[PDB]
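Throw the hints in and build the complete structure from the sequences for me.
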Amino acid sequence: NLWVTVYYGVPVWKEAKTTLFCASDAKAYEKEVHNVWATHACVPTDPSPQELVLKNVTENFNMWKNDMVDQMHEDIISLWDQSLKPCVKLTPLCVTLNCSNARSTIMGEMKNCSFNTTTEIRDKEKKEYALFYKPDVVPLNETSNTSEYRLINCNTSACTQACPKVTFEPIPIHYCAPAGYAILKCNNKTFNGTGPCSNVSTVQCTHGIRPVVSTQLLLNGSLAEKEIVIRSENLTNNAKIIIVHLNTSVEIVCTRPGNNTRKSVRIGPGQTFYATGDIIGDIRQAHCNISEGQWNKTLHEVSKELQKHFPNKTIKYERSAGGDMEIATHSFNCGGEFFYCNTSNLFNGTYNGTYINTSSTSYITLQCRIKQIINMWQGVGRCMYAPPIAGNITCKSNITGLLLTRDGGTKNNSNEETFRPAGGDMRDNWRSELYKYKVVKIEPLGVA
Amino acid sequence: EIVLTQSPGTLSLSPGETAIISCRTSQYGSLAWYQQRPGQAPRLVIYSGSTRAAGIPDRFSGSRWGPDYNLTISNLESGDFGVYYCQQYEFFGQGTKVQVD
Amino acid sequence: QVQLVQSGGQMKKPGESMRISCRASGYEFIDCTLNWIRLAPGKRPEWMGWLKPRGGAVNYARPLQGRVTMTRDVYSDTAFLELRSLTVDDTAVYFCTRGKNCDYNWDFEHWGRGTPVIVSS
Amino acid sequence: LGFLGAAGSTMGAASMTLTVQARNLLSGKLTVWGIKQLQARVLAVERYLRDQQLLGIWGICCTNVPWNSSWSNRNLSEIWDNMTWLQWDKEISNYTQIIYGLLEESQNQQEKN
Amino acid sequence: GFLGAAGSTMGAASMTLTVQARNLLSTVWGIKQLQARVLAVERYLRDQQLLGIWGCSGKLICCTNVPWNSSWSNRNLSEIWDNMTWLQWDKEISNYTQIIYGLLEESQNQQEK
Amino acid sequence: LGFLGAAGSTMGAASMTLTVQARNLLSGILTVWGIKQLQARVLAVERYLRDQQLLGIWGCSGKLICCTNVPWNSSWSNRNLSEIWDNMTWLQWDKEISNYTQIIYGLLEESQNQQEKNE
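Residue numbers (the numbering used here), protein chains in the order written: chain F, 1 to 448; chain R, 449 to 549; chain H, 550 to 670; chain C, 671 to 783; chain A, 784 to 896; chain Z, 897 to 1015.
None of these hints come from the bench; they were simulated from the model. Don't take every hint at face value.
As the list claims (entries may be wrong) - Output of the computed footprint for chain F on chain C, the stretches with three or more beta carbons under 8 Å from beta carbons of chain F:
{"no.": "1", "region": "725 to 737"}
{"no.": "2", "region": "746 to 753"}
{"no.": "3", "region": "757 to 764"}
Stated by the list, open to error - Reference listing, derived: stretches of chain C covered by chain Z, where coverage requires no fewer than 3 residues with Cβ under 8 Å from a Cβ of chain Z:
{"no.": "4", "region": "690 to 704"}
{"no.": "5", "region": "708 to 717"}
Don't be surprised by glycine CBs; every beta carbon is placed ideally from N, CA and C.
Written as structure tokens, this is what we have:
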């Protein structure tokens, strides 16, 4: 009979959970020059070159049930709150504003406002001459004359300014296993959202995902390597979310004309508000350019991909369902100032004449709108103010994925939520990126 | 389109009997059963095809693997009269009622 | 205790705007996905309205396109269902509802007082 | 990362490379955000210290606990050539606390001296 | 159970030394756990280190090359073996403490010549 | 601090002062400003643990010397025994071999595995 003794160094796994720690490059105190998302406490430099393919490693993956995405989410929101902490509070601004439209389609959207403010001396007062957009101001009770307005926030909560040097685009930031843990990456391109993976590879540290923020669309992401990929919790559960990952990118450019100018305004001693001083140009509002009918081509492929999974309920598309502007409109923060665009033109049309047809005619245009005061993360009460930026702002990006829902019968909850863009949660659409990876720990002992 | 066909439509039974209601699905969703007394709010009875929900006694039971599911209610209490509904998340059927014989 | 409280019913003329409010008493309203369904004598039930009150996401049934709208106020913890162009077929009891756990967004746990809708033809 | 290469192999090849796993097992103002790296390092160090502690209490090592065949009757050749580590690890994992114990007594019998 | 050995003389306690070693190892308001963890780990590391410096790691008892003197203790074999509870002997030798520390370094080095 | 006395002497004198250096290496003696001491403690503990671990991977714990089973190449240092032992001072020899640092680091995990082919 064959009697016990313990190995050391056995290569086996246990599906443990732990706190990962990110890794990114750095060049200064604000993480390279300026910072919102980055953190140089997460050490440079990229340790991803430690990669290895493994034999016979059949392992299960589950992106829907993945949890380190949630740790990352808490990480990002805590970091953003900490970034907002030292900045100025805009509480004094909430006083009655005598306002009108612009001085002279057009930025009549802008509302001219005049109001009182304190000087450097705490007791003295001076009038002001400021400009604000319509959605950022509420008129007072209509029993009083509507010319008087107030800031939206002060009926509900406080306000805070964004610091100037705290401004930053999404950096590719890596995520590294601590000692005793390892990251497992699936390589099978046909990954169905969850299941065994055969070509599994392993890395000490993972890809540098960019912490982008968007609604209804995935942009500046990583394309798939197969054709367009579909992932869902369970398709027949109609009201659940469906995510689409593109294999080829589509270009979008957003601009607004005008040599717009801001002016600092005194608010108490030792801090100043940044108001928009004037707009100088034709300033046709915020139109965005789409890469011609390449969208017309792309929807055909997406329709074929959807048709593959389901019987012949003909695929088509529909406007956004509704709700808040973030749900109603595609949102992004490319220019520092935040953007919203009515995406009706994207999802109009159903027939093969523009869903089995391709051509290059002219860039498709989206009506858009600008807003300053914002509950940043999708409605949570972190109410903060985005300062204005000088004119000729421009942006460029590559679209990589879409968000969708589904229909079903015997509750006719949906007949066109396949045909409808979803609002979504940026947490999940990060989870749409982290599907590749999984966390695991080591156990070094055994017998034979 | 009904993809949850409760059968039989109704049953007339005295107290203490064993009521049986069959429901037929044709898709992989999964089952649950409601019930409301006349004029009262519904209550979940069976969940996941066979499991009793919270606060539901052993009288109620369910099955089976396949497209047909057999709800059963042993020892029919008079308080359990009223309309029952077949259900699976995204589906419900036409509803069926149990009454005094 | 988690509870769903419904406002009073309506009995108004057909071809009118009809409004209902429901409050998720004793619960974090923002987090869980509420739902609205119909119950009437001798009719099939019908699922009406979705509401993910965090972002205000919405979607609704085939017979209800355009006519039916709903919204919410997170501070009041109250969902609002409002139907346009009332008709005789709309006569039914309406329940604001919830699932067994806030993981499956389906109505199989909670039911309000069943505020009624009556069409005075 | 080589030790995971041994994970994808049977007992024989992995026996040649157990040490690399041990080598990698050890180590690799406003932003108080990142302080939990410290407690993570502490937990990793504690896991290593637990490994060394268990190694100490046992006194590869000619130990003396027997092995009831009920925990596994499978023969010699299976757990040399065919057997991939995760499968046998799971197989013995059913008897985990049934097979945790008397190595301390194996120390004690020689502590009689 | 190791505290059970505290409530007994030396001979019975001699069979239960290992378990004590086994257990010996392991709202910013809640961050204070880190100090306790670090200090316990440091005490354990001091133990293992000093076991190294006697040249006596791995072994719990070691044949270490310094003699005894009647000044540090004159009481005989039998009293310390049988009658003697641990805390009393610990207190008696603790009267010397640092002098009965010291020399084994050069004895480790004597065997290390 | 006596261990640094060996740094100021030749090889033989340092041959006995190895343990005194080892002893001190482990530990020593509103205001949240002071918790950086915990960082230092963690780093020192990690360095000590690296030392003990690496000694483990040679299979040479407990001892400070161990009969390790590998070739040696004169290319790293061809100089004779007497110069390296008698005249030499530690910093200079360490600098000399430091040029071959990763050329004198590597294998002996495999050497341990070699004598572990039968252990």
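Evaluated hints:
1. A stretch counts as covered by a chain when three or more of its residues have a beta carbon under 8 Å from one of that chain; for the region 725 to 737 of chain C and chain F the count is 10, and the coverage holds.
2. With 4 residues carrying a beta carbon less than 8 Å from a beta carbon of chain F, the region 746 to 753 of chain C meets the three-residue requirement, and the given coverage holds.
3. With 3 residues having a beta carbon nearer than 8 Å to a beta carbon of chain F, the region 757 to 764 of chain C meets the requirement of three or more and the stated coverage holds.
4. With 5 residues bearing a CB less than 8 Å from a CB of chain Z, the region 690 to 704 of chain C meets the requirement of three and the coverage assertion stands.
5. Coverage of a stretch by a chain is defined here by at least three residues with a beta carbon nearer than 8 Å to that chain's beta carbons; for the region 708 to 717 of chain C and chain Z the count is 4, and the condition holds.
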